[PDB]
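Given next are the chains, with one letter for each unit.
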Amino acid sequence: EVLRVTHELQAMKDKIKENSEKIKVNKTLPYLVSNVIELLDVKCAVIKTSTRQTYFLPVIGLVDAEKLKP
Amino acid sequence: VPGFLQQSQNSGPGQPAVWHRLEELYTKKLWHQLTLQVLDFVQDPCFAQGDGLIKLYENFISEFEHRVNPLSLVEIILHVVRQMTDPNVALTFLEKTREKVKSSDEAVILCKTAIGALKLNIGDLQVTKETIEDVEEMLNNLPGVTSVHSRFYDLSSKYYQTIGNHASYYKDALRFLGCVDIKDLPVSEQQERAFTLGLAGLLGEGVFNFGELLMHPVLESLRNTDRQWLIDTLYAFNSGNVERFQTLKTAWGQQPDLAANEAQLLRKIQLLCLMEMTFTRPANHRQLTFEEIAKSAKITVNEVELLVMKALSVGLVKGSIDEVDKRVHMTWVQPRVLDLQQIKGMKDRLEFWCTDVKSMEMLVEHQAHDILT
Amino acid sequence: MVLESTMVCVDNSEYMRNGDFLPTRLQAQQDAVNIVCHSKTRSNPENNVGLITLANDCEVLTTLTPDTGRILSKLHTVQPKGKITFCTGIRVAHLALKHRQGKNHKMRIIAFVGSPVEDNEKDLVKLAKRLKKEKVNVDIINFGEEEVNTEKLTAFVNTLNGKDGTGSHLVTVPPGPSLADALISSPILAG
Amino acid sequence: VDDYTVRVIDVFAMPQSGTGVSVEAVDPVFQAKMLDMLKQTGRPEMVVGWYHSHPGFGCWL
Amino acid sequence: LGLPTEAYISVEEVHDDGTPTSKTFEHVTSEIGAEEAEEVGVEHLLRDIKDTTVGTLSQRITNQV
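Residue numbers (the numbering used here), protein chains in the order written: chain U, 1324 to 1393; chain Z, 26 to 398; chain E, 1258 to 1448; chain D, 1090 to 1150; chain H, 18 to 82.
In short, the hints are calculated from the structure, not lab data. Idealized CB from N, CA, C, for every residue including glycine. A couple of the hints might just be wrong.
Beta-carbon label-pair distances, calculated as ranges [stated by the list, open to error]:
no.: 1; chain 1: D; residue 1: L1124; chain 2: U; residue 2: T1377; range: 40 to 48 Å
no.: 2; chain 1: H; residue 1: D33; chain 2: E; residue 2: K1340; range: 23 to 31 Å
no.: 3; chain 1: D; residue 1: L1124; chain 2: Z; residue 2: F89; range: 53 to 61 Å
no.: 4; chain 1: U; residue 1: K1345; chain 2: D; residue 2: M1126; range: 13 to 21 Å
Starting from the given sequences, assemble the full structure and let the hints guide the process.
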């Protein structure tokens, strides 16, 4: 059974790797440096871009919400 | 082990045949053909006086079984508990068997019906309904036993030995009969289920559907001689007629639980009688003259006014009552179970309806052929 | 080296739960498939093996795959809680076999017959007749309680490939204490 | 089908990637596998071209 | 006549009214709709047999036959 758990970990490592690769190729550059203006609750924030345009984000995105602060 | 089944080999018709026949299987590490005979040998006609021996034998066999069905275990420990007849430990004992097989197999309900079976005789109400609800909530993701239902229904049939379990019993009594289909029980077992059901149906407060009166394989097929009046009375309610000679003729029988509710039952028949008439109505003449309703139910005109008042109150009609003319205009939203002749009749009307719908379609397509485009 | 897709049919019926074989039948099948699946991939690295449960239904738990991890992993939670149906098992194994991703591999099937098979003798032979026409070699190995070397089963292997056929063996394992060693000695290295 | 006709039957989306619409965006592993799996279902067509949107820019390259 | 889709689910119930249990496929109402993007493609895709949305007397009557 130890081998079976190892097989599950090995599969998880490839999928974790595959998800990581898709996120890695979608991180890319350049980033528009914006300024989070607030956080409406109803996981979605109201970014006010540095280009002087505001853009509500349905999903805050590739970050942990709790980390993001007004 | 082998000696124990040798010493307690007695108590079974064909001592060597009853026990040592299966002993050959256990030696070759198999555990299926034993129990069925064990259940069969516990189903074998006996007082089960070897229960203590069989208990130990089952306990011994079950102690190092680790394969036999907990249904037989319960079916044998219940046969045990029905044979040890010691409810004090039965709850305690059935619980330990339950805990000893704690996988998803639904043996606790049977133990709950074992607490059912023995706590439905000792402390039969306080938490038994919980002993049901826990089963009902748990009894999901797997409708394969069909006994989890029955004992609750039976315990609700035992709980049918309570105030507010008649319609719940009839609704559940019908439910159970579907789960187990074949005879697979004495004609007495089946005919008993039909009688307590019909007697419940005629008594149930919230049930006047009576759909399975003729379509239920058991109640319809069974009970052709033994108190067949029920099928007549049950067939009576689908007709609503006065029939009060029968209700009296069946009153000679089933004196208990029917005389005590003749006032309720008479009200029920009166109630269905209205639905019967407005069904028999020619549809267009959906109105019902006060006299016709009062004559069918032999109820005086002063109370046909209130009879419709009820029947329309529960939800068995969606009409309106007139008094200047006293014709109760009728509009139905409460359908009834059907019959071959009823359906044959219902289809013959529908053939006419499609004939008219076809005719008017032709009279439009032909007329507007140029414009039809 | 012989390019072949091994569509192993592992039993999971209820009788598969009584361990006439020391620890249990299932481990015997679970140990047995461990060697047959590993035996095939070792023989040829371009091979592929899948498994079909045969009790209560014909589930296709793992389609025809080369990677042996999936077959081994899927073996777990095989939960022997059904009734064998060998009449259909071979067909579904063959019909799934017909979907061989590569069209070159020879055909070789391993059936784990561990329960009494309730199949008309006429039906089994007709199934064998269909196999002969389509050139599939299937090996039958019996476990646990069963009418020893069932006449219906034995007729199956004989008509499977006779008249100096490949010899798709009806390897009968000695009931009682015995590992896949019998299953690995004869059938696994020569089918 | 011939010189005077280029027939396109099915299209399969190549996953959006940070590169954009460029040669690099064509993931050889995604395309080789997807083609392989569409061949079993009964669509053994050949890669006849590529398409990319142009959010409002027009129909130009 | 129309509606080339029929949608079914899986339910396993005791059939309340005292009848054997079984698998059966219950029915779920089906309706064919279009999101914006496909709608634009579809509307052009026909572009030769589409009926006028106004209806007019000719098409309204045909709606009744």
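Going through the hints against the structure:
no.	hint	verdict
1	D:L1124 / U:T1377: 40 to 48 Å	43 Å, holds
2	H:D33 / E:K1340: 23 to 31 Å	29 Å, holds
3	D:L1124 / Z:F89: 53 to 61 Å	60 Å, holds
4	U:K1345 / D:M1126: 13 to 21 Å	19 Å, holds
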